[PDB]
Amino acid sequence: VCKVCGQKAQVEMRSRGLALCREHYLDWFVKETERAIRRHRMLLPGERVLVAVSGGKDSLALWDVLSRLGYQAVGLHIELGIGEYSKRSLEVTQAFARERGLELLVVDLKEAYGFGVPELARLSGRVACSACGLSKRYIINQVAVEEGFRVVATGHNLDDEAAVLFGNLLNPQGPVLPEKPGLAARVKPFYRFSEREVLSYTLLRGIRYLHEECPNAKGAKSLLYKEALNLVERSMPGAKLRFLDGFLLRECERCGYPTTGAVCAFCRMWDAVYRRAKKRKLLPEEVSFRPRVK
């Protein structure tokens, strides 16, 4: 029975030994989010915040909640140029913002830099997710800083932090990443939430999100870790949360942004990519890579 009203429970959280009807689950989820924000001084009451929005359940849900709590939540979507996948992601995301009258910023990777994640992978030599991850972190930050956002929110959740933690133990982040001179802050307001929890909010709130996952991968290390931890969690609710809980610079020559070297990894990657595009005659020889500067 629902713990708040005593009518039919629509969501059960064995992790928390808690059951709620639709309305009170939705109420709890939102309130629990505002709790994380306050417990870690993540945001200011109506603060502008740049939300990294993929079109997936977590980031749409997050965009949804932060609005509800009255923050000025601007979304940033990055069209990564991964085929129909990147196309659908953008569509969904745009559909979402359109319906809610939220403002959406979009960076199209091929229009801005000349190559989509696939060609970027082939040319940089990195695995697609390495190139892609690096490209996502850089551009979100740059967009943030360029547009005056003190802070940036991602929809990373309990499953993510625990999977990451587990990955490190096998192969040797905090709710708030502190603002620095060339770095906006990164808050994860869904850090305590289960994936199943976020998915529940998303379904009960009627949010249409992109069900398709990205073609690669499909061999993700993160996925392997999540299965193994879910296999445990199923039989031992609260395992992930216990696990987690238990445990707890220079300016780039090309672009001005923070790095521990002369040239940042991002500039270093697009530099080489451009160089090799030239050698293979894909770019004119007199073209160079000019990153936007701080």
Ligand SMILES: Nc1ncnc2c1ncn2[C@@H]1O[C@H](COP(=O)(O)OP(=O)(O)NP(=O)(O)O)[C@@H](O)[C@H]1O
Second form
2 protein chains.
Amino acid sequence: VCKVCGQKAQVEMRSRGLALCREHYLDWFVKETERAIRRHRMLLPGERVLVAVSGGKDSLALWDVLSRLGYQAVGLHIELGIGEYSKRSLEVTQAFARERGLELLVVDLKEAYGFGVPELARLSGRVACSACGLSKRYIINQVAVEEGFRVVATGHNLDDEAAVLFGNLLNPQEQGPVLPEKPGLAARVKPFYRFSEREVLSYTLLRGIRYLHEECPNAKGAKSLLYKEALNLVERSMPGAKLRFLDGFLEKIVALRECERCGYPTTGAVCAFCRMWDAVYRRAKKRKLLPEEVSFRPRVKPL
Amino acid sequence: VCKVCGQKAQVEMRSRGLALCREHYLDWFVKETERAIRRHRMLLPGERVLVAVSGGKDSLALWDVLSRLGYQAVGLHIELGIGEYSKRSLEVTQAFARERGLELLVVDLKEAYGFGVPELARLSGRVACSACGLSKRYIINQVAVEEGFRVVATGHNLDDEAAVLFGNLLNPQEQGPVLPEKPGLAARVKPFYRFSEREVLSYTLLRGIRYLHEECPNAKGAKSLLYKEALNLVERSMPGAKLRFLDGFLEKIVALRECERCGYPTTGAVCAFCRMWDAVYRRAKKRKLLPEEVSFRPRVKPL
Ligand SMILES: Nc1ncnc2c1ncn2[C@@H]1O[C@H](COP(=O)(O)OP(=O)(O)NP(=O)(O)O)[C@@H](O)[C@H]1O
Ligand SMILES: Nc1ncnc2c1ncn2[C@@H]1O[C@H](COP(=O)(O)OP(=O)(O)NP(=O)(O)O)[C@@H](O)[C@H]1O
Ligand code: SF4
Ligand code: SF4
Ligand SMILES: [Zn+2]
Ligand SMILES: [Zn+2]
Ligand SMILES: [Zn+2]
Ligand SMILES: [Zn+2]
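Output the structure of the form solved in complex with the ligand; the preceding block shows the form deposited without the ligand.
Time for the whole complex; same chain goes first.
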């Protein structure tokens, strides 16, 4: 039965020995999120926070919770130009924001830089996921800094964190719930880092939030899915495995230069982002999808 | 093709980018085993070594290889009294030793202590696997010390080592290829710790060694099977994962008292082995399968 009210439980979490009815699961989820924020000093009460929202279940749920917790949550969605997929992804995110009166920023990849993720993959040589992730992290950071946000919230859940940890162990040759802000670098927090993917999904469905069910025709996100399958196989027979795994690592145990192209932090002369888009533009000219006297002019960092 | 002779390959190891014909796989396996022994100073050339052999594919293969490498390999088999299973397991081991002129020692659990693993589990309260493993490690060590062996070789393979490592990470609340000998403690080496289970099986089949195909009605060895499934799932799509996993850990980063009952090393007053068998005898008396004036008299340690 529901541990709080004694009525019929709607959600059962063996890993925590906890069973809750719909109304108290939603409340538990929201309170536990704030418990995570407070424990790790992720946010200040009512602070402006840039929420990276893709239209999927986690970041839409995160946007909902942070709003309910009274944070000034502004969403940033990035249109990746991956066909009808990215189109629907934008619609869902827009619908969410509209029907809740939340501020939503959009960066359209194709409109800003001329190429979506598909063409970007062909032109950079990198796998689609490499160029895409690189663009996502840079743009989200850039928008945060340019719009005066101190902290960015992403919707990475426990399955995601444990998959990353697992992958690093099996494949070094191929990031913590809180990353502190530095000059040119906004802070990044993961308030959902201890919720399982199943648990975040449960919140989303019970809250009635409509998200983009379908997933990208991913390329090397097929790796994370492999890691998740392996971890969940164990989790199925041994609840709390992912939590034990991630907690165990967490509770146990470099020079940055300004990019001479855009100004943002990097370890080299020019950052991987500018280096990628330069080569993409360069190869587009040789092909020639771009005018010869065109230059990639990245938005230089304040102040 | 076979990387050594150019003829048809019989064994393909994607993880190592290596393909070999039957005759050269057998040779590669044997040479690599010696490479492991030498690298880690596991054995001295021609040294007497106690090989723990269960009749399964790994330890029978290990016994074969160590013999071929000119080591004086004496096998110790422990009869666990698990029905017809343990019976066949003993036969296979005996057959191997006979048809190769190898010295084989046998400890029959029921004959030595009065109870096989099944009854031992009911009487100790511990799961079958707990009492069984405890008995196996103690007896193998005891026989080694009592018979003047410096080093014991076990047939643990890469799948086994990586499963253990994985399990510890997911479940702390539930051991290296070489353990140095100490007073009352023989050395333990795992010369097969880098061969995958599939690779050790391949050696066994190509060498024509007959082993006990069936496995114990295991209890909590069902855990290792779960760990192996998870790891092999990744290995299937990403060769060298288990090796990367295990190597990565290995290449990165207490007071012992004499048991007042048997003399062997322990952290407490009496060791877990004596403590287990005492309680088993004690509870047998209360049941009463043993005479009241009977005492468990463990073989006290030399010198
Ligand atoms: N196109 C995008 N625009 C903005 N933010 C994004 C985008 N894609 C991902 N993010 C952020 O990055 C986080 C990780 O995304 P992802 O790699 O999709 O894992 P996920 O948990 O399966 N996706 P989601 O369910 O949407 O959070 C998401 O929670 C978002 O917060
Ligand atoms: N009954 C036994 N008697 C002697 N030695 C044993 C016995 N059981 C296990 N061992 C040793 O312990 C090692 C690990 O055994 P186990 O837990 O069965 O993993 P395994 O690799 O599946 N078995 P095997 O194929 O026989 O090595 C074996 O290689 C043997 O060397
Ligand atoms: S799946 Fe690969 S490509 Fe599709 S969005 Fe995620 S990263 Fe970019
Ligand atoms: S399976 Fe469990 S019980 Fe059967 S032998 Fe291995 S440990 Fe002892
Ligand atoms: Zn309730
Ligand atoms: Zn740059
Ligand atoms: Zn050959
Ligand atoms: Zn003892």
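Shifts are known only where both forms have a C-alpha. Positions refer to the first chain, counted from 1. Each form is matched to the other, and the largest set of C-alpha atoms that superpose within 1.5 Å is called the rigid core.
- When the two forms are overlaid on the rigid core, CA displacement between the two forms of 2 Å or more is confined, within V127, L224, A112, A217, to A217.
- Here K281 exhibits a Cα shift of 1.2 Å between the two forms, evaluated on the superposed rigid core.
- Look at the core-aligned forms between the two forms and you find a single run of 3 or more residues with C-alpha shifts of 2 angstroms or more, at 217-219.
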